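Only one chain is given next, in structure tokens, and it is the form deposited in one PDB entry.
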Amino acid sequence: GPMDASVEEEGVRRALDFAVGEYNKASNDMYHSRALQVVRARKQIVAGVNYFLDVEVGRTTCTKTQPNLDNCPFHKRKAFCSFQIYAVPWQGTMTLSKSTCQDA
């Protein structure tokens, strides 16, 4: 989650300049705009990994409601999948950003 950030931080002030710039690009106005003042400043450290996994996937001889599926024997369907996964490894979180499969 977000936490308090001090405007003393170089990165905070650099982000103000950026956003003010973006405002000027967006605005229909001949006049330049700049910040009167920051009224709130927060930061969130972002740290994760994207996994890009190209995999071939087969059909086992077990149903999905069965046990010990990790070493369940293989069979005829064989697919190619490209997965993209975002992980925050010390939070033990993972999220599927993209899954694209075809028969192979």
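Residue numbers count along the first chain shown, from 1. What changes on going to the form deposited in another entry:
Among the listed residues (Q66, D29, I45, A26), the one located at the hinge where rigid parts rotate relative to each other between these two forms is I45. Fitting C-alpha atoms of each rigid part between these two forms shows the smaller part swung round by 51° relative to the larger.
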Second form
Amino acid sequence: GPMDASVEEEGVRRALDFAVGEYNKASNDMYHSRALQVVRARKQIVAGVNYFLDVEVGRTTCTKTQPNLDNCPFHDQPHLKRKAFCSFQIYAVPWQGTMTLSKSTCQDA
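Take the protein just shown as the form deposited in one PDB entry and give its structure as the form deposited in another entry.
The next block holds one chain only.
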């Protein structure tokens, strides 16, 4: 994984100032806090794949608690059916075999 990097390095210093900026902004403290000591600084290049999916999604008549969900019929009754257009952004790191849902938003159709 990650490897040691000098704090003198512009990237490491920029990231430190930034993190301490965010820590400060998120705090409920009226006092400014700042670094006493940097105990360790490491860094790692990462590549990944973003998928950007525009998908219409529809409500089915199966409950989440039952078998064979992936070709289950959509509701057709007046106040039961629901359809939305969703935008999903998925960040995959394939050597790791992981996926994260970075972004998710829908509008009723």
